[PDB]
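Peer 1: The lines below spell out each chain.
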Amino acid sequence: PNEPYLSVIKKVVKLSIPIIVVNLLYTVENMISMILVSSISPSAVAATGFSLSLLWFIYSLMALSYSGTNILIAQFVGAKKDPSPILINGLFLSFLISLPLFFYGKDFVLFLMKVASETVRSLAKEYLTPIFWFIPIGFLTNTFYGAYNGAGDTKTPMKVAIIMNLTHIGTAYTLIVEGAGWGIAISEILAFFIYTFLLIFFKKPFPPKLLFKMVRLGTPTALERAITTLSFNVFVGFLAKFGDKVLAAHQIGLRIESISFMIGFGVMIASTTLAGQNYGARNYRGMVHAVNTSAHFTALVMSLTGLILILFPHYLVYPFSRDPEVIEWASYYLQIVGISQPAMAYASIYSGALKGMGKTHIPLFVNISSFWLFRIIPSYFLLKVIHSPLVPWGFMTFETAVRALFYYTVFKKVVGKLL
Amino acid sequence: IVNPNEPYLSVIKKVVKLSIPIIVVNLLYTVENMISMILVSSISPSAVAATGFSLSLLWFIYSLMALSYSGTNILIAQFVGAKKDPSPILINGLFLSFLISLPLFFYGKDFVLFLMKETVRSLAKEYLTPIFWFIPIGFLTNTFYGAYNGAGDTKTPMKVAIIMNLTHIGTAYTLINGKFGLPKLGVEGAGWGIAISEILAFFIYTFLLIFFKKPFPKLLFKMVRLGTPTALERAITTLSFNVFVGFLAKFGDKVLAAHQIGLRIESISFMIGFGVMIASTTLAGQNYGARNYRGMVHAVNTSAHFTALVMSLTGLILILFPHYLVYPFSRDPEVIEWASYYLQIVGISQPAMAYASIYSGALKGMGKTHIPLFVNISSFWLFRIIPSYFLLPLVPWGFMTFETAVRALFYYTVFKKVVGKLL
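Just so you know, the sequences run in chain order A and B. The first sequence maps to residues 8 to 122, 125 to 185, 196 to 226, 233 to 444 in the authors' numbering. The second sequence maps to residues 5 to 121, 127 to 226, 234 to 408, 414 to 444 in the authors' numbering.
Check before you lean on any hint, since a few could be wrong.
Stated by the list, open to error - Restricting the straight-line Cα-Cα distance to at most 20 Å, the calculated cross-link-like pairs of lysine to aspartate or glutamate (EDC-like) are:
1) B:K193 x B:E135
2) B:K113 x B:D89
3) B:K234 x B:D89
4) B:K222 x B:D89
5) A:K222 x A:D89
6) A:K21 x A:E10
7) B:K121 x A:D114
8) B:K266 x A:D114
9) A:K266 x B:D114
10) A:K113 x A:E127
11) B:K21 x B:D162
12) A:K238 x A:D89
13) A:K121 x B:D114
14) A:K121 x B:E127
15) A:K270 x A:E127
16) B:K121 x A:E127
17) A:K223 x A:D114
18) B:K270 x B:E282
Said to hold, decoys possible - Which chain A residues face chain B? A few, computed with CB under 7 Å, are given here:
19) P107
20) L108
21) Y111
22) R241
It should be emphasised that the hints constitute simulated quantities derived from the structure, not laboratory data. Yeah, the Cβ is synthetic: ideal placement off N, Cα and C, and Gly gets one too.
Could you build the full structure based on these sequences and the hints that come with them?
Peer 2: Now the structure itself:
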């Protein structure tokens, strides 16, 4: 409402560091899994990495189960209303939409893999056979992880994520390509049963025809994620035309940015929860200042981090790559993407804040509508003059800025009609 | 346009007066595609296969075509209904298709070859080179369509469709063969024959709005937010219906022939509902903006049951005489028995395809355009694709029927709970 800086960032950080921890644990989990399957064969690593980096399209439709619950429970707890009929319907919706992935889901993935090699797909079949048996289990765990975030108790998914990733890595270590998928499956079932023992017993998540609501709210994000993975695939294929050495540096820049993506996504889910609990309580002038201060602080954090990127180029990639004409490209990458990290703070906060406010159809109209018009398209037009990979990266950096002043200038006007 | 107490006959005469031009646009297109298939069938078998899979693929490519249509079909309906000036909507709807069709221009011709997984592909190349050349013109023409059925004037797109179809004889029959001494374009002829047909309609279409001021003389985010869910409804259902045809694909070509000919015999007795659906969209839009909610309900309630009677007669014809409808298209007997057993399963659902179509169009007029997205999708899996998976050729078809019958009682209750709370 009008509580000062320290007060609002205390209520933020204590519920945003847990999501940062969860996402960084996911990063560590997948890196250690890459290392675990690296001790098999380059073909096994190819299969595993391609099948994992391809699920961001299947493992991307659960934005219904996640968002349709996260958005509603925030406004319901904010308004002090019983947020019980959403957990039941949230779990029912997750289990309902996870079924078309149980059956014709892995076959869809094999179909997409055909469009690589043939042995790689046959090994990916072994890797995905146990994963798809417990896909509704993963949908339920995701609905839980999206419901605890709405009630303002992210420490519980933090603890459960520590448990789940430890179990994942341990079971994969024991069984190790099929055991690597058994790791995911067993981790998901264990985290799900832990959530169940926490739920019905000590009602810690919480103690019926809003399927319209959560469907209509989660469908836009379910779009955004998949239609962004495809778009970024086009943008990545842009770099494939000129050389394969520069091509493999974007896969390192992925992890370099991954920590900041995880931090911003944590402070995005947190700002989502905050904006939702203020909008539901009919406390709009509260969420204005709340997201304002959260953005002002996360922008300083991101300034510091993206400045680390600029000031320490090679001295973050030495363990990764150690050869000429590589440190140059990853370095120029970081130095170019260093500037556009505060903008990622603003574009994460404001977009996640509208999500909590209910404007879930806005992100795909600021992410997809930005993207092309300012990056990809202008580098798919200029790139016939300058034949160097600095064009897509510099345009990336400029476009994250103009996207960051999309969100800001579409936030001000949305709250105007509210007052 | 219809008041809350017109005696049914009064509107039943004023809905079949308006729906018939839409029915003639939907028909004659059937003849266009039939005659084009035959003309291409006059040459190579690979040409037949390539053209068939192209038109069945250009169904999906055209799913990004409703965004300009649904954006201008619905809006104008309300704008004309609420006696508000709908001209800027017209220009911002025409300029939208063009602007949004160049993504299909340039990188979009090889996209088809990409998705089509040898001579067959090369024949698709000499086919998808001149059509995509004038594809913005076709998008604009479909937007002109949309505008005309929205404003309530469907007879003009009827005449335009007639003249375009007549442009598919000559600029086709000739350009394929070569009576005019012109070189045999081969399959490419069937390309130009489509492309050229748009140009003609463009003239007539771009003529009336200047010379005769058509019927009449920012914020397109509205139009885009309306058109995107319809594009999803027509882009995801195509995909996911192929996941249902995989069910029947497990019995050989003799059942694929049954389903493929069912598509045809169906289509013949399909345009009725799609025409009345566009008409009911227009009616519900023109009454929603005019605050005539009771009259809107009365119109949709009367037209739904009238179309139910018509489709009951139609399904009865399909059930009583299936053998004679398949005799034109099949000589292998087992195919005959499968197609007859199929039409007896569809003809039942025919009356239930009137309520679905009418209520589907009706909720489009009154903004709510995400309804048919999560109504026609959450029904596939839940009722036709899964309950057929757990019981496995009459199981999948008999569940198709009752799915598009439970889609009736689902479209309705939503419609009634939405429209009773309008009052």
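Peer 1: None of the hints should be skipped; say for each whether it holds.
Peer 2: Taking the hints in turn, this is what the structure says about them:
no.	hint	in the structure
1	B:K193 x B:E135	12 Å, holds
2	B:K113 x B:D89	39 Å, violated
3	B:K234 x B:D89	15 Å, holds
4	B:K222 x B:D89	14 Å, holds
5	A:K222 x A:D89	13 Å, holds
6	A:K21 x A:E10	16 Å, holds
7	B:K121 x A:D114	16 Å, holds
8	B:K266 x A:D114	16 Å, holds
9	A:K266 x B:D114	17 Å, holds
10	A:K113 x A:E127	16 Å, holds
11	B:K21 x B:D162	11 Å, holds
12	A:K238 x A:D89	16 Å, holds
13	A:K121 x B:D114	19 Å, holds
14	A:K121 x B:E127	18 Å, holds
15	A:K270 x A:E127	25 Å, violated
16	B:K121 x A:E127	16 Å, holds
17	A:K223 x A:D114	38 Å, violated
18	B:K270 x B:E282	18 Å, holds
19	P107	5 Å, holds
20	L108	11 Å, violated
21	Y111	6 Å, holds
22	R241	6 Å, holds
When the structure is compared with the earlier hints, violations turn up for hints 2, 15, 17 and 20 and for no others.
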